[PDB]
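Number of protein chains: 4
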Amino acid sequence: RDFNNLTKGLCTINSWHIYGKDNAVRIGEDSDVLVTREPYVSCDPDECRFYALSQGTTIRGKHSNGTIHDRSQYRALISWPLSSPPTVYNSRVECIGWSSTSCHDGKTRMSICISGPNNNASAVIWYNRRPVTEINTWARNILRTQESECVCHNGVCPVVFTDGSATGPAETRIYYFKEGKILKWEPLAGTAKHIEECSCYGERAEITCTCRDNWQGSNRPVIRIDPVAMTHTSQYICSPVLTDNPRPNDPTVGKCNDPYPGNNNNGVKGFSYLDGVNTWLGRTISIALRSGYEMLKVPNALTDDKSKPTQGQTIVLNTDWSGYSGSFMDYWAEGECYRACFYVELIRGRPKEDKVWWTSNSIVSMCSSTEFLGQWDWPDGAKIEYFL
Amino acid sequence: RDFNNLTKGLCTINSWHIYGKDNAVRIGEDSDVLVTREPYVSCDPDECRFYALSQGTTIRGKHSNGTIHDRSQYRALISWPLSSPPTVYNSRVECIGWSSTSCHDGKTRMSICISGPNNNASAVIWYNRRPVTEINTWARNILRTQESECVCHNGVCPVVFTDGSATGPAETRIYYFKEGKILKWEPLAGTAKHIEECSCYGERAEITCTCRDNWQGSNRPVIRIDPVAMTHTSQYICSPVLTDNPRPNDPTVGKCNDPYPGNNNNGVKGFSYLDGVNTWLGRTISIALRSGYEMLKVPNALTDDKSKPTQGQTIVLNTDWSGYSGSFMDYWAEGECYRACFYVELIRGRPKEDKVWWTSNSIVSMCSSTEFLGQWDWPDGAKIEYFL
Amino acid sequence: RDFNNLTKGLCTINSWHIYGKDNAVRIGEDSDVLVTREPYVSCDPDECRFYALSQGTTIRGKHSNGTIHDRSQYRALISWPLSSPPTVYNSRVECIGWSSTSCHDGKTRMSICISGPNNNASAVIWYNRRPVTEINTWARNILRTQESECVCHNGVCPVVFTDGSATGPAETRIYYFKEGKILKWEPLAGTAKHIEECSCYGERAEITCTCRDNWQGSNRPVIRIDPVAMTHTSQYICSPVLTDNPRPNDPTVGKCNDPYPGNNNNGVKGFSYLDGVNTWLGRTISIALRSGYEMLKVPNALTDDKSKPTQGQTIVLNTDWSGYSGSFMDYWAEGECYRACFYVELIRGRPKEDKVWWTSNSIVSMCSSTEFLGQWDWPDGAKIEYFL
Amino acid sequence: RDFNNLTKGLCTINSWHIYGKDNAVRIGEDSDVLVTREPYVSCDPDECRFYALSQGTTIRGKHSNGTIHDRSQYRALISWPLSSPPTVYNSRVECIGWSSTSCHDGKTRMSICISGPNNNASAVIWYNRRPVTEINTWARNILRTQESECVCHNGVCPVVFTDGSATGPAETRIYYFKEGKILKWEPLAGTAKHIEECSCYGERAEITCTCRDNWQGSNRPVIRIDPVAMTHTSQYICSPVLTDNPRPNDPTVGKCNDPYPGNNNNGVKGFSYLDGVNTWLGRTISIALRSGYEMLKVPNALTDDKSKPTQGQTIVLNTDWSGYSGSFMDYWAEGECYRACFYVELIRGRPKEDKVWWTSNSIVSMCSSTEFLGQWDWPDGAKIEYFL
Ligand SMILES: *[C@@H]1O[C@H](CO)[C@@H](O[C@@H]2O[C@H](CO)[C@@H](O[C@@H]3O[C@H](CO[C@H]4O[C@H](CO)[C@@H](O)[C@H](O)[C@@H]4O)[C@@H](O)[C@H](O[C@H]4O[C@H](CO)[C@@H](O)[C@H](O)[C@@H]4O[C@H]4O[C@H](CO)[C@@H](O)[C@H](O)[C@@H]4O[C@H]4O[C@H](CO)[C@@H](O)[C@H](O)[C@@H]4O)[C@@H]3O)[C@H](O)[C@H]2NC(C)=O)[C@H](O)[C@H]1NC(C)=O
Ligand SMILES: *[C@@H]1O[C@H](CO)[C@@H](O[C@@H]2O[C@H](CO)[C@@H](O[C@@H]3O[C@H](CO[C@H]4O[C@H](CO)[C@@H](O)[C@H](O)[C@@H]4O)[C@@H](O)[C@H](O[C@H]4O[C@H](CO)[C@@H](O)[C@H](O)[C@@H]4O[C@H]4O[C@H](CO)[C@@H](O)[C@H](O)[C@@H]4O[C@H]4O[C@H](CO)[C@@H](O)[C@H](O)[C@@H]4O)[C@@H]3O)[C@H](O)[C@H]2NC(C)=O)[C@H](O)[C@H]1NC(C)=O
Ligand SMILES: *[C@@H]1O[C@H](CO)[C@@H](O[C@@H]2O[C@H](CO)[C@@H](O[C@@H]3O[C@H](CO[C@H]4O[C@H](CO)[C@@H](O)[C@H](O)[C@@H]4O)[C@@H](O)[C@H](O[C@H]4O[C@H](CO)[C@@H](O)[C@H](O)[C@@H]4O[C@H]4O[C@H](CO)[C@@H](O)[C@H](O)[C@@H]4O[C@H]4O[C@H](CO)[C@@H](O)[C@H](O)[C@@H]4O)[C@@H]3O)[C@H](O)[C@H]2NC(C)=O)[C@H](O)[C@H]1NC(C)=O
Ligand SMILES: *[C@@H]1O[C@H](CO)[C@@H](O[C@@H]2O[C@H](CO)[C@@H](O[C@@H]3O[C@H](CO[C@H]4O[C@H](CO)[C@@H](O)[C@H](O)[C@@H]4O)[C@@H](O)[C@H](O[C@H]4O[C@H](CO)[C@@H](O)[C@H](O)[C@@H]4O[C@H]4O[C@H](CO)[C@@H](O)[C@H](O)[C@@H]4O[C@H]4O[C@H](CO)[C@@H](O)[C@H](O)[C@@H]4O)[C@@H]3O)[C@H](O)[C@H]2NC(C)=O)[C@H](O)[C@H]1NC(C)=O
Ligand SMILES: CC(=O)N[C@H]1[C@H]([C@H](O)[C@H](O)CO)O[C@H](P(=O)(O)O)C[C@@H]1O
Ligand SMILES: CC(=O)N[C@H]1[C@H]([C@H](O)[C@H](O)CO)O[C@H](P(=O)(O)O)C[C@@H]1O
Ligand SMILES: CC(=O)N[C@H]1[C@H]([C@H](O)[C@H](O)CO)O[C@H](P(=O)(O)O)C[C@@H]1O
Ligand SMILES: CC(=O)N[C@H]1[C@H]([C@H](O)[C@H](O)CO)O[C@H](P(=O)(O)O)C[C@@H]1O
Ligand SMILES: *[C@@H]1O[C@H](CO)[C@@H](O)[C@H](O)[C@H]1NC(C)=O
Ligand SMILES: *[C@@H]1O[C@H](CO)[C@@H](O)[C@H](O)[C@H]1NC(C)=O
Ligand SMILES: *[C@@H]1O[C@H](CO)[C@@H](O)[C@H](O)[C@H]1NC(C)=O
Ligand SMILES: *[C@@H]1O[C@H](CO)[C@@H](O)[C@H](O)[C@H]1NC(C)=O
Ligand SMILES: *[C@@H]1O[C@H](CO)[C@@H](O)[C@H](O)[C@H]1NC(C)=O
Ligand SMILES: [Ca+2]
Ligand SMILES: [Ca+2]
Ligand SMILES: [Ca+2]
Ligand SMILES: [Ca+2]
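Protein chains in written order, with PDB author numbering: chain A, 82 to 469; chain B, 82 to 469; chain C, 82 to 469; chain D, 82 to 469.
Bound conformation, chain A alone:
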């Protein structure tokens, strides 16, 4: 009907309640479920769906041997109904590619998939389910994107891309689209040294994305965008409570405009909600590998380089695997504020579970509450040995 505008603010978060859960690997043991990875959730004005990058095979199927690789001609962006598994018979294909992003603007939805060789990949922008715009590689080394949903304000929806090295300086750019057409684009600015896999949300005409520095830096990069003026800035989260993985241990003071040193050439997609005292950071529990997941209330994290934990909540125990995590919100829900949500990818199989030749994932999703609810941990459930 009409373009949506970020008119409200974030509700206060005093705890988190379960929103959705897949149980995909448990069910996939005896069903026609698709091997996926790199998921997310995204809302429309009438329903919210689950999203993922398919591998073009069922888990129990023979072609699942070798699904440890990321880029192939047999991947695609698919969507399915909330808390149901990525079934072969109930899934809908958005576009063909091995990297992606998607978002609705009040009128219709825009989806972007990237495909191709390393020497020269390319992005195609779709809108109202028709292919509208195309963009070829600029720095000729794996053109990539968010891996989670974008946000729009009155028709304009910014998106972040990177093209170039993963263990050194790259070429990041913020593009501004309106009905699938490029309005403008500008290169990265600010003090952030490496950008990758941005997780974004919005409130009161502003967009905040917490991203990943894969080069060096256990603290996380941040990008604030102004959808009306079409401008931005970047920096790091000051707080000493580090959130990348892998990472060293938490210190007494942190860094605001420089990567905190300790581990190289590695990271993980993550997110956070930056709102003064109402600030919460998410992270794995293990400093060495992707296991466990926890949420932490760290007042004034982004601006205070000494801030420490006030309250917290456990999502997945440290004996249980996790993976990626990102942000989303239901911009079309009734209320006076925006209720914040997030998802956590639960990876099974290789590399850590190598008696199996595949790699796949599960999903758990939570949203905020204004009460102080009790906590419980939410693992995937599957017994790898039933697959031997």
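For the record, the hints were derived by calculation from the structure and aren't laboratory data.
Among the hints, a few may not be true.
[Stated by the list, open to error] Taking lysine-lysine pairs in the BS3-like style, the calculated list, with each CA pair at most 27 Å apart, reads: (1) A:464 / B:436; (2) C:436 / B:464; (3) A:89 / B:262; (4) A:259 / D:89; (5) B:464 / C:143; (6) A:143 / D:433; (7) B:436 / C:143; (8) C:188 / D:188; (9) A:436 / D:464; (10) A:188 / D:188; (11) D:89 / A:262; (12) D:464 / A:143; (13) A:143 / D:436; (14) D:143 / C:143.
Put chains B, C and D with the ligands on the given structure of chain A with help from the hints.
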């Protein structure tokens, strides 16, 4: 369009005709059917669906070993099309939890799921498919609810919860919701000593729920609610025709405001239609275990402590298993009265059938007729030995 | 929108073209297809669907052993999309029973299912998907109905039932319904001695049903109904070209008001289009068993007891099995006349193919053309030995 | 709503981007996917679907042994959702036959299927999903059609048929339909000697179809139609860059009105976009067999018998199988021109891969871009040995 109001009365019941049947366990032998339990039926203005608490696995699947437990992170409230099985590809998820209730109000539908540990569980109320309200545990010992549908009158829909011991005094409360928001709540009143798993229906601006006393008492508790004034009372069904399971034998006189003694720490979810001479009680045939099912016309049951059977009808033979049973009606059907219906859960597997490692169920459903129709028995059908 | 009226006449038939085909048994070898029997086709204002009486099991499933029986608590009336198989995931249940009929009236659809023991069965009438009317057994010996679709004229839809013996005198009645309510009913009249499984169609405010005499009589009974006056008559098709199965050989002259003698206690559901010179009778090729199928132009069959074949067309070869057959037409298609159609059930398995423990069927359907098209035979396709 | 008119022109093509991909054979290894062949794509005003001629069996199913044959009573025209596999549970049947074509006109869609024996086949035309017109064989030797979609202009949609010999002179005719009714038909004209499997598109009130000469001729026949006047002409593509398969090698000069000699009794369905300098021809890489696929910019191909390659792009490598290819466009997309698309069938199994007893295919589809995007090759993916 507009809120629904309990404007009619109950039609006269002279017999029951089949409404719906699943045949889930028969079909699940060679299909992708989900292991479920604790079912019910619920109507919308345009279609009536089947409901159940999934276990997150298919019957023939490996993860079905151990589905004898009730509370787990892998259960969910699902719905599917009438007289079809709970298939993996045709099911819709309402919310995440191990206890529940749901009902439409004329405009939209409200669903409630409860999840968490025993020390501290919590309920989340959803409306129009978005999470609106949250409630944490009050007495810190398994917060639980109806296990069947609620009833609404002009926007207000009462719901009964219990939190605390199952073999002693607990904390029951009636909550009044309007569009997912808590209007009010009040503690139990009247002479009923223990409340659990209420089965409710409505006619002429009043709501009657026949429940379960798991502490002591083979006779059943009753709760009458006034949706307009937001008040209630409780008591027991006077009649000597006992209906809980397990239970002792029928006596000559019964108890109106006190639990009839005989068996402890056990019961089963049940229901009844209380309407003077037009009164019918349902019950298993075996006094010791959940087998067989029969309907009995006992005039003035609730107020007469000597009332005895006038007419009856067999639903499931005593050589056949049954389980839970509850009430529902199609508030949007054409006519001058409300045609009363009920469902019976048919459990297969453990505990009684232990050559199998799972536990699942089937459904049969009937509604009333004004004629005196012939009777037939309706078992599940499956041969356990085809699963060995 | 508005009630439909039989306003047109039959187009001239000069040949038949394929309309639809299932290929169910071929596909069911490696799919979740349901064991069915007693099928038919029925149109709505917007789509035409396939219909059948399910057995509550998949073909490859264990519970298919013993599906040679007809009456059981696990059967149901289901419908699915045209030329697709009766799949477990794509089927819709109309009502519970082992005998049936259904038809749309311009506004909504009425469906009727019969269930129960032999001593006392009962029919429930549904309308707009809600159970409206009930009727108990009158002569206490297997109450049964059409096994194909009914026809309506301005809201009124007659239906034929039988209750009593199959090898002697019974109790037939024509019921007249309007929105699921009984308008009237009257007993059989005319010179027909035994009625069973009527196949009906309509044009110019009249309804003709060709039925089955299971007692004695290789020639077929006929019932003409006047939907406006609510009256009828019966008789036999005069022509010497006999069409029941089993049957003796064709003679030189036939019988108009008396069963032609030759074979007892046996028959098969069939049909015909009676329209003067534009008359066509259908029948199996073998006089002893259900094999092959052919259509024959026999001018003035119903009134001329000497009429013989003018033109013909082969549908299924005599080396291929067939079974039941019935009539249907698309009352909502554009044109100035009614294009006539029919279906043939193709049975596989027991009794003739006994290396398998089940019994199931396939469907082929044809409609008329005004040209003289070429012919081809349409078998089921499946190789029974792939099931061993 | 209203009839569609070819009002725009072709956008300029500077490269091709992926549109859709099936991955059917990879997935069919562990799923209920249907054995198909002879596919295509076709758009509606609201969605574009995939099309194919089914064989009436699943790939892993027993009835897949022998699917090397083309004409049988068990084939059908089916359609399914874009980039999803032809699943047994998600497919929709259009009509019954072993040869076909289909297209939407702005209001509704017309589909045509051909069935029957070689002595006398026949076509039935369907519209708005009801059978409207019938046509019997004229030259009594396999009546056949396009095997891809038709194009319409203000209600009129021409279609090309052939009936008669494949290795000598036949009887081709162009039919003009309007709402399923034959407006007119006329025999082939111009200098083309043999016509088969036409691939058509349209822009600015004209229809161009590049077809197949199976008799003699490695260069391709062309038919230009005037939808308003209902007339046409034929000829060959002049250019020396030959595109049929099998074929001899490319010469220095070509033939405009005569079949270029070299190989007999063989060909393959193909297409091309003829637009002056903006001209592109598609073809397999191997001159002997169906392997590899490439697109070539050959300015003024149709009129210049010396034209040679200016630019090109690889679609499938020569070590990978291909098959048929055809044209389609989204006539209802926003813009000022028509964005051109095409599909390539990827055949697996017999005849070249004979360790398997079946024959099936996969799909890849691309559309044009105005940028110069990078290229990648798109194979089917499946490992035949996982089927042994
Ligand atoms: C039934 O259910 C109810 C329902 O909620 C349960 O109640 C909840 O219990 C939670 C667990 O205790 C609790 O969460 C914790 O909150 C802390 C903050 O509170 C305290 O301090 C503030 C300020 O002084 C006070 O206001 C407050 O009242 C308290 O005093 C957090 O600090 C906790 O986090 C730390 O511990 C966990 C492990 O338990 C770590 O994973 C986490 O990362 C935190 O510790 C690391 O990080 C800090 C920051 O740099 C380091 O200083 C510290 O050394 C740790 O560092 C190591 O670990 C990380 C990760 O391994 C690594 O990178 C680093 O290098 C180091 O190696 C925790 O989040 C809830 O707040 C509580 N509910 C409420 C409402 O408060 C109830 O318990 C159940 N049972 C019953 C009977 O009810
Ligand atoms: C073809 O189909 C037709 C279609 O309907 C068939 O007709 C139907 O047949 C039914 C079965 O007989 C019948 O149902 C019974 O009705 C009784 C009431 O009728 C009589 O009394 C009244 C008042 O005097 C009269 O008006 C009426 O005319 C009759 O005289 C019920 O009382 C029957 O229930 C009792 O028996 C069944 C077992 O058969 C028990 O399961 C049931 O619980 C009842 O008995 C227990 O409970 C009472 C109450 O406390 C006890 O006193 C008694 O001792 C039993 O107690 C033991 O059992 C329970 C459970 O095991 C346990 O807790 C307790 O401790 C004890 O151990 C029964 O319901 C229908 O009414 C009839 N149709 C109609 C319209 O009436 C037809 O038969 C078929 N065949 C043919 C040829 O047509
Ligand atoms: C390529 O395709 C084209 C496309 O159509 C093919 O053309 C079609 O060919 C059909 C087969 O021959 C033909 O159908 C037949 O039509 C007969 C009527 O025509 C003749 O008579 C009339 C009047 O005199 C003339 O107008 C007309 O021109 C002809 O002369 C029917 O009579 C045929 O039916 C009989 O034979 C078949 C077997 O072939 C039986 O199954 C059938 O039941 C009929 O025979 C039995 O019944 C009669 C009636 O009582 C008995 O008298 C007779 O003895 C038989 O009885 C025994 O059998 C039954 C069943 O087994 C049992 O109950 C009984 O007791 C006995 O034991 C037949 O229907 C089409 O009409 C023709 N197309 C057209 C438009 O006409 C073409 O051939 C193909 N090839 C080529 C090169 O084109
Ligand atoms: C990273 O990705 C980027 C993204 O695009 C890559 O860039 C692209 O590279 C493509 C491959 O080289 C290239 O396509 C070729 O274009 C030729 C035309 O260009 C040249 O000539 C014109 C005019 O002079 C100039 O304007 C232009 O600048 C060039 O000089 C085509 O001619 C090419 O086709 C021929 O070769 C291929 C094999 O490679 C054959 O399959 C094809 O059929 C052509 O050759 C046959 O046909 C001709 C015509 O009759 C014959 O003369 C010739 O002998 C061949 O004949 C045999 O073969 C056929 C089939 O086997 C048989 O029937 C016959 O009998 C003979 O036996 C080719 O299409 C793209 O144009 C280029 N992109 C752009 C925008 O240009 C990049 O490379 C990647 N890497 C990096 C680092 O970036
Ligand atoms: C487009 C692409 O290749 N994305 C891949 C990125 C990429 O390698 C890093 O961002 C380094 O640049 O890594 C992740 P992970 O395996 O670390 O879990 C897998 C992704 O699929
Ligand atoms: C929330 C919960 O645990 N519900 C469980 C209740 C509960 O134990 C009783 O109401 C005693 O309080 O019992 C039944 P049942 O096994 O007796 O058939 C299983 C339920 O799932
Ligand atoms: C309601 C019912 O039992 N219908 C059955 C009738 C019935 O026995 C005959 O009409 C004799 O009355 O026969 C057929 P068929 O086996 O002969 O092919 C099977 C039906 O299912
Ligand atoms: C109606 C029909 O039979 N179509 C068949 C045609 C036909 O034989 C040729 O057009 C020669 O006339 O060939 C193809 P292909 O096998 O060559 O790949 C298979 C088709 O199914
Ligand atoms: C998977 O492939 C590897 C080589 O990639 C092979 O050695 C291994 O045995 C395969 N796994 C299975 C289960 O076949
Ligand atoms: C189920 O698990 C138990 C232990 O919980 C084990 O002893 C048993 O053998 C398992 N059943 C099957 C069929 O594997
Ligand atoms: C059918 O006839 C009645 C009068 O006989 C009329 O009201 C009705 O509208 C007619 N049907 C249609 C479709 O108009
Ligand atoms: C089917 O059941 C019969 C008895 O009804 C039994 O003898 C037979 O062996 C069973 N068939 C199969 C395939 O198990
Ligand atoms: C397929 O059929 C042929 C004969 O057509 C037979 O020889 C062959 O063994 C069959 N293939 C399989 C896998 O059974
Ligand atoms: Ca890092
Ligand atoms: Ca009790
Ligand atoms: Ca007979
Ligand atoms: Ca050729």
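| request: Quickly compare the C-alpha distance for residue 464 of chain A and residue 436 of chain B to 27 Å and report which way the hint goes. | output: holds, 22 Å
| message | With the threshold set at 27 Å, check whether the alpha-carbon distance from residue 188 of chain A to residue 188 of chain D stays at or below it. | response | Holds, at roughly 25 Å.
| message | For residue 89 of chain D and residue 262 of chain A, compute the direct alpha-carbon distance and say whether it is at most 27 Å. | response | Measuring from Cα to Cα gives roughly 21 Å; hence the hint holds.
| message | What's the verdict on residue 464 of chain D and residue 143 of chain A, does the C-alpha distance respect the 27 Å limit or exceed it? | response | Satisfied, since the Cα-Cα distance of roughly 9 Å is no more than 27 Å.
| Regarding the pair residue 259 of chain A and residue 89 of chain D, is the alpha-carbon distance no greater than 27 Å? | The given pair, whose Cα atoms are some 24 Å apart, holds under the 27 Å limit.
| message | Just to be careful, I want the Cα atoms of residue 143 of chain A and residue 433 of chain D compared with a cutoff of 27 Å; is the pair within it? | response | holds, 23 Å
| message | Run the distance test for residue 436 of chain A versus residue 464 of chain D: straight-line Cα separation, threshold 27 Å. | response | holds, 22 Å
| task | Compare the distance between the alpha carbons of residue 143 of chain D and residue 143 of chain C with 27 Å, and conclude whether the hinted pair is satisfied. | result | Holds. Residue 143 of chain D to residue 143 of chain C sits at ~19 Å (cutoff 27 Å).
| said: Just to be careful, I want the Cα atoms of residue 436 of chain C and residue 464 of chain B compared with a cutoff of 27 Å; is the pair within it? | reply: holds, 22 Å
| Between residue 464 of chain B and residue 143 of chain C, does the CA-CA distance stay at or below 27 Å? | Distance of about 9 Å is within 27 Å: holds.
| task | Below or equal to 27 Å on CA atoms is what counts here, so check residue 188 of chain C against residue 188 of chain D. | result | holds, 25 Å
| Pair hint residue 89 of chain A and residue 262 of chain B, alpha-carbon separation not exceeding 27 Å | The hint holds at about 21 Å.
Of the numbered hints given earlier, the model fails none.
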